[PDB]
Amino acid sequence: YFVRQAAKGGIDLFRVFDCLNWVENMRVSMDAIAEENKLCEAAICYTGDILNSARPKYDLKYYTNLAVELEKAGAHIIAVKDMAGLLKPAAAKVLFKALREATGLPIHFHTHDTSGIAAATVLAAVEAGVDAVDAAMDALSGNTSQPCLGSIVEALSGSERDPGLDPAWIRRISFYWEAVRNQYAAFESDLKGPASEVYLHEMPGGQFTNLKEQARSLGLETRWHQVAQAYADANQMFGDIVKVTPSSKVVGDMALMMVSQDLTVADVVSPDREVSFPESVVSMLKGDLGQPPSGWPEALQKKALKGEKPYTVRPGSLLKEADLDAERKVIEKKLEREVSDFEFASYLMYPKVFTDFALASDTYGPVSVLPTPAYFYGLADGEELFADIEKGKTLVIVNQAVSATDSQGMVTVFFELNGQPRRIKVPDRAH
Amino acid sequence: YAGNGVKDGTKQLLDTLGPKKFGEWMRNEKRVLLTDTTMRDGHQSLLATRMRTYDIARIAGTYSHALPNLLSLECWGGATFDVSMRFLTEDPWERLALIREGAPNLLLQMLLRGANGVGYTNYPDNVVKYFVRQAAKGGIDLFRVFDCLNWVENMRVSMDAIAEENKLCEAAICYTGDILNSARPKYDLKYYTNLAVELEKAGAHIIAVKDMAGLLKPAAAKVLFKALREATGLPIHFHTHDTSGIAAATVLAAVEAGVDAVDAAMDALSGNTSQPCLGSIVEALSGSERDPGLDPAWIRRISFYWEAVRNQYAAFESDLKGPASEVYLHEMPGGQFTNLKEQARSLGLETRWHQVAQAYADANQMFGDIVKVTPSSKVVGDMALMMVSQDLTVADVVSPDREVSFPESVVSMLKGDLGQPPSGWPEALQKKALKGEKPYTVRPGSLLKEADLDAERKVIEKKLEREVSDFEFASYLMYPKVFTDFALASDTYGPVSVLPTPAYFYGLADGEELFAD
Amino acid sequence: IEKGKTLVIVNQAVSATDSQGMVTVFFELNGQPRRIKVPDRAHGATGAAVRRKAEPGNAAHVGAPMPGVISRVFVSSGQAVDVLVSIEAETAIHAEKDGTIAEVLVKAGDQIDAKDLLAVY
Amino acid sequence: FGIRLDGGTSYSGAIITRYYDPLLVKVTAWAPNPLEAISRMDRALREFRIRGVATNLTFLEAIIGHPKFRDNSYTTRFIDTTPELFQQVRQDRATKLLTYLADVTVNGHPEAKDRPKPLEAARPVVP
Amino acid sequence: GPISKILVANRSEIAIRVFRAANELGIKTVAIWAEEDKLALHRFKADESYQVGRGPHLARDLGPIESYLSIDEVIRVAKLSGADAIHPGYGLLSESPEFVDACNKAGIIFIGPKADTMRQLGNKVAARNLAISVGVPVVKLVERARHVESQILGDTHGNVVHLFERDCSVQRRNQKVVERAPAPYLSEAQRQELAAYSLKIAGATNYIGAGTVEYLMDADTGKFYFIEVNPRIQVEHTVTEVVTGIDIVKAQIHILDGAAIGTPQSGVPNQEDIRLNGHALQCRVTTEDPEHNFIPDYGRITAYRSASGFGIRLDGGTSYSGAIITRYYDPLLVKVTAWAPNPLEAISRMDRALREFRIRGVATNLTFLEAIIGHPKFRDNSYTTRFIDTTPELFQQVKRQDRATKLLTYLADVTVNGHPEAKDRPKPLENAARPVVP
Ligand SMILES: Nc1ncnc2c1ncn2[C@@H]1O[C@H](COP(=O)(O)OP(=O)(O)OP(O)(O)=S)[C@@H](O)[C@H]1O
Ligand SMILES: [Cl-]
Ligand SMILES: [Cl-]
Ligand SMILES: [Cl-]
Ligand SMILES: [Mg+2]
Ligand SMILES: [Mg+2]
Ligand SMILES: [Mg+2]
Ligand SMILES: [Zn+2]
Ligand SMILES: [Zn+2]
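Residue numbers (the deposited numbering), protein chains in the order written: chain A, 638 to 1068; chain B, 508 to 509, 511 to 1025; chain C, 1026 to 1106, 1110 to 1117, 1121 to 1152; chain D, 379 to 467, 469 to 499, 501 to 507; chain E, 1 to 139, 209 to 507.
Just chain A, with the same shape it has in the complex:
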């Protein structure tokens, strides 16, 4: 149902992945995508090092065999999703040559620039004949993001695979993103640049900052390089797994526990050391994220589950079909109104988040139309704001005064709205 609505909503290209590269767990979505007559780009996540003979689990044939399986499962495009930016240039030259010999499907490469060398890997993939690559505009590229689009394009300018993209226009659009990004100062991390330690821990670019902040919360900021090592150790302890949403979160939870509780992997699996496993770890070892090709390590699984029996079937194969008619009736009754098919899809994915958002929208109306600084900070005294509620149809809003807070604990804000006075009361949320 969700895939159906996503296609109706305007998605043309669905990049579908599985956090353990389990093709079985991808078939329902791949079928749904083909059913809607959209592009099914089936991704294989990259981990390990195909050129390192000491880690043969994730060798070249592992990837070429998955490409073959995904094609037989009906992919229109195969992706290599290098969520942690681990694919090295020499490996890309071997991998993309081999992939394009293994399947006739086009290949699409996605990577992250955590190591500071991912553009080298992209350009190696292009030289090797890869069909499509991802990059981020310069102003939002590098480090844990994608490598730089403008520089990758410039590198290929005048070559036989020149993408035909105007660098001056890439620059202009990046300058726009730079200015946009300045508005989001609150959400910047403290990362200063490239880190080869990524090849040690393999934390996905999308995880790295969250996990580091989460370590800081637990009083572990000074032990971050120990968390990164515990993350590597825990990965091996779980059997050496693909780490991307949500399996990456499990390995992070485990690593933080090891550092907080001073436990080595030997303590973790020990018969005689009581361990309270993170709920994400118990759930993964139970089977809720699916099955890695060698299965879950048994001594670990047994200890963590505390008598609860694991399963190995596809997790969704255990769930009863939803009564969509009944579920729709439920949300509509809560909101005391009809919902669109899109809102229904939202409610099915995130019932609580959607419901809360639907109530907020009823209270505040169309806040998405507000420019970003007004959204996050509101209006200073005497400050003017222009906002379009309709495609006419500009509101000129001025903050003229804000009262002290009464008793009833409310505050009155006095606006001018298109030349007219407008008084609005709101709680003082700190009294």
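Derived by calculation from the structure, the hints in this document are not laboratory data.
Take every hint as true, because none was put in to throw you off.
Under the rule of at most 16 angstroms between Cα atoms (straight-line distance), these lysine to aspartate or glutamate pairs were calculated in the EDC-like manner:
{"hint": "1", "chain 1": "E", "residue 1": "45", "chain 2": "A", "residue 2": "1018"}
{"hint": "2", "chain 1": "E", "residue 1": "38", "chain 2": "A", "residue 2": "1018"}
{"hint": "3", "chain 1": "E", "residue 1": "45", "chain 2": "A", "residue 2": "1020"}
{"hint": "4", "chain 1": "A", "residue 1": "829", "chain 2": "B", "residue 2": "825"}
{"hint": "5", "chain 1": "D", "residue 1": "475", "chain 2": "A", "residue 2": "1053"}
{"hint": "6", "chain 1": "E", "residue 1": "38", "chain 2": "A", "residue 2": "1020"}
{"hint": "7", "chain 1": "D", "residue 1": "475", "chain 2": "A", "residue 2": "1025"}
{"hint": "8", "chain 1": "C", "residue 1": "1030", "chain 2": "E", "residue 2": "471"}
{"hint": "9", "chain 1": "D", "residue 1": "475", "chain 2": "A", "residue 2": "1027"}
{"hint": "10", "chain 1": "B", "residue 1": "829", "chain 2": "A", "residue 2": "825"}
{"hint": "11", "chain 1": "E", "residue 1": "38", "chain 2": "A", "residue 2": "1021"}
{"hint": "12", "chain 1": "A", "residue 1": "849", "chain 2": "B", "residue 2": "815"}
{"hint": "13", "chain 1": "E", "residue 1": "38", "chain 2": "C", "residue 2": "1121"}
{"hint": "14", "chain 1": "E", "residue 1": "475", "chain 2": "C", "residue 2": "1053"}
{"hint": "15", "chain 1": "A", "residue 1": "829", "chain 2": "B", "residue 2": "815"}
{"hint": "16", "chain 1": "A", "residue 1": "829", "chain 2": "B", "residue 2": "827"}
{"hint": "17", "chain 1": "B", "residue 1": "849", "chain 2": "C", "residue 2": "1121"}
{"hint": "18", "chain 1": "D", "residue 1": "496", "chain 2": "B", "residue 2": "827"}
{"hint": "19", "chain 1": "D", "residue 1": "492", "chain 2": "A", "residue 2": "825"}
{"hint": "20", "chain 1": "A", "residue 1": "1030", "chain 2": "D", "residue 2": "471"}
{"hint": "21", "chain 1": "E", "residue 1": "45", "chain 2": "A", "residue 2": "1021"}
{"hint": "22", "chain 1": "E", "residue 1": "475", "chain 2": "C", "residue 2": "1027"}
{"hint": "23", "chain 1": "B", "residue 1": "829", "chain 2": "A", "residue 2": "827"}
{"hint": "24", "chain 1": "A", "residue 1": "730", "chain 2": "B", "residue 2": "764"}
{"hint": "25", "chain 1": "E", "residue 1": "38", "chain 2": "D", "residue 2": "499"}
{"hint": "26", "chain 1": "B", "residue 1": "829", "chain 2": "A", "residue 2": "815"}
{"hint": "27", "chain 1": "C", "residue 1": "1062", "chain 2": "E", "residue 2": "482"}
{"hint": "28", "chain 1": "D", "residue 1": "496", "chain 2": "A", "residue 2": "827"}
{"hint": "29", "chain 1": "D", "residue 1": "475", "chain 2": "A", "residue 2": "999"}
{"hint": "30", "chain 1": "C", "residue 1": "1078", "chain 2": "E", "residue 2": "366"}
Chain E side only, calculated, beta carbon under 8 angstroms to chain D, not exhaustive:
{"hint": "31", "residue": "20"}
{"hint": "32", "residue": "23"}
{"hint": "33", "residue": "24"}
{"hint": "34", "residue": "56"}
{"hint": "35", "residue": "310"}
{"hint": "36", "residue": "314"}
{"hint": "37", "residue": "316"}
{"hint": "38", "residue": "374"}
{"hint": "39", "residue": "377"}
{"hint": "40", "residue": "378"}
All C-beta atoms, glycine included, are put in the ideal place defined by N, C-alpha and C.
On the provided structure of chain A, position chains B, C, D and E with the ligands as indicated by the hints.
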């Protein structure tokens, strides 16, 4: 924690083979050789060159024991020489001695300007020679010598002095433009290979490609390094900056094409306007034919040390966020970028920064399309700022009917003080700017006499009321006022270089304890 | 002060000594705020009022158009009609005439107020 | 033009005490015709800026803006028997949006309020 | 359609003056501001506001005044905002035919006369011949001169009226300092002779909007001589408004909306119903320092309290305690207009208000204004255009006791540094009971 004892490295090969056969050893070496720039160019780019001796000297032992296969530590010259005294109240000679002591197995490398050593203006030949002599005595083994216009004649005096001291003379060619762009043929492939031949004939032991703005692209590196190694039998050494976010691709392409050595910065001080990331470059080469034989785990342990050191220098971080392909438009050196943006902001132009970057490109072409690296890069910067400030197009700048008061740096460059570009200076611009002063086309240093060194020595010695060492005298010759101020502050404050960095910049909080040796 | 002219004076606040060795006493006088600066002679600031002080008349004087801290000094001996200093609050104070500047009273990461004398031709 | 003030007592920093009548200023508006005089009084009252204490300005404005004040049909009982002088109603999109703006202006945003702020900064311009 | 949004292409007191008229008419306003005017009150007094003179559409930031003279900037923001009309105030672009042209090209109403009216009146050859052609005398001497000017209003229907005259003879160097309405040295017959000349000029030029016909009057002979028409509102319009009861700015607006003078909608009476009621004068208070050769002062204003009461009109809205006076713009703090039934009483009323003002932090010209209106030649209307420049007693330094400031200085000094005689000697028990006079 390291070991053991220290294994012999490139320092011992230089000592026992001599510079010319050491370069032959480099050429023959199958593995790529690595220079770590963390102790000079890395913090010059990222932290305004404010990294202190205390933090640098304390890790040199670790490098010596853990990464004994490194070609060299680039640890001296560029801005460190004056910044150490003027802003850090410490002696660059002492810093170099401590590194030497801590890392007796690795070559110590400086960046030297051919025309003036480490100085800020032109000096007589005898002064430049005296400085090179002291640099050699103080512990420098490998001198990367460059000229801001790639003018070989302006490099001869320094090259000959380096060879006289029996140290390594690594003559750099600065990279600009794009050799694979046949619509900018001025800086084509023959331009570089002809220069490499000229520099070999001038007595170089090693040729460098100095890509100060990070403009060399991977496909161009593949062609360039192949051609260079066919043009000269000398080893080739590649230095670039990561402003574009793709410079590691170029370094790896250079390695594949057979380049003998490459520079990189420890991860914690790499990326953006610094060099590309050392640990990731070494990881990319791990297990390959040219594997440099450097332990990644030790690189990461030293990088973690640099990360904690860098945190103490929060005052000196810039607001740069990431890669910029804009570099291919402007060609500002990575070492200039932040300085020039900070200057624009101080002139009230922060909101017209991208306009300044375009004026910089236009101004470069107006000057005839020149090599831009210290000091020529500053001249183009001054010109660009004035063009934006006063709303002057290149046509306005050169026109006979618009009055312009050119920046001093521009007048001096067109006069001839920075040397001669291969094309000469554009005649109409030079005439307008010089306002009747005659230009010269000879080597600037040929017009300066000989300094009277025994008399200059008595001047500083009288002022300080004591004898000074030959090293101190070299400091005074290069930076008379800065050295004088430093010697007087050293008299009052003692060896402040021995204080930990937080105590140096912020002193002690109440109840706080420090240890100083 | 005279018969029928009664002032009401309150001591509202006394500042820390500032970088010029001056203490500000914030008075209320007849209900209106009045700030009065005196030297902190008690802590060794005899010889103090410090910063001149531009004369609105002369040409000659480079007076600060606005309060702030100086962020950069671009000069110390003469030229044009050119940025002399900048002030952060960055502006960007330009030379109004051709000349040789014969004094730079800043300085700075110095705090200044409008009318403070920045430089003298 | 046409505004007379008899105040002299209020200023920035004045303290209003509980001891006497809580008068700030007396405002007199003049025009050739009574409706213009009202529009003049209304512009002046709305242009005053008094902060730090509450005022009766919105009440004065409601009175002179009332239809019965404008047509001179009021009696001595007018205020005491006219509820709309002390009330107000709206439910539309713009009001909801002003409700958001008010709420964030007073309370800040939970995701932003304790985090680093953007420099005090060029708005993004679509090429 | 009828004007519903006006952009004021100006700043400071005249912008605030127009905002008041427009808002009183139920018309929305738009302010423009240069970066140097970022804290200027006019910016916050409009319904909507736009910065002029910065931004990527320009090659370089414009100067503080340059920003407001930029026809391109003004038109750009007028379009952005959807303004129906532009009021140019006075100064800046108010006499620029190029600007009127730009307005018309954009379909925006210019509040003032046509571009061709401006061109004709701005050339002295044309202006003189037009006056000559309708039998208005033109300039001889004039060694003892007065400056008298008629206020006119003309509408788009061929109606012109006069709002009588102002005396503007009190000038320093060549700049207006005190203006009066009506001119007190005129007889009724003279007043009507002047009105008839002015109506001739207005009608001959088909004048639209507010304008001023300026004359020189030879004090020795009583002869009038036409000098120029100023084709805009003027800073001294306020005295005329107070003695006639007619709002000039609202009249400008209705006239450009198409109203006919004489109808209630125009805001303007027929000529027969226009009359003088009492006497007024206006003084502009500025930061020009009589102690420093009238060099304008600048800096933060630490205290500002105006003075009003019966017969006082204020046109300010720009000074307040906290405000910073820059040197970028004209140094006006506030324009004070005083009215009374008779001229000597209006003088006494101005004098009281000016002396009751309190402005601290910057110097002002208050003592100089006081000196002028306190002078016997001002009181008896015997001054000429040379009065100020030839009257040194006006420049006499005042010198205040300034006793309270000195006492506060004493109290601060002793509070922070102590008294040398109480030093380290015993202190009174800190209670401590004041002596009570029995
Ligand atoms: N013929 C004259 N004889 C004596 N004084 C004159 C004469 N012409 C002009 N003036 C003086 O100049 C003043 C105004 O001159 P104008 O002719 O109006 O010049 P202007 O520059 O247009 O002035 P404004 O600012 O537009 S009113 C008068 O009030 C007189 O003081
Ligand atoms: Cl949810
Ligand atoms: Cl020096
Ligand atoms: Cl200007
Ligand atoms: Mg080799
Ligand atoms: Mg005139
Ligand atoms: Mg004129
Ligand atoms: Zn990703
Ligand atoms: Zn460099």
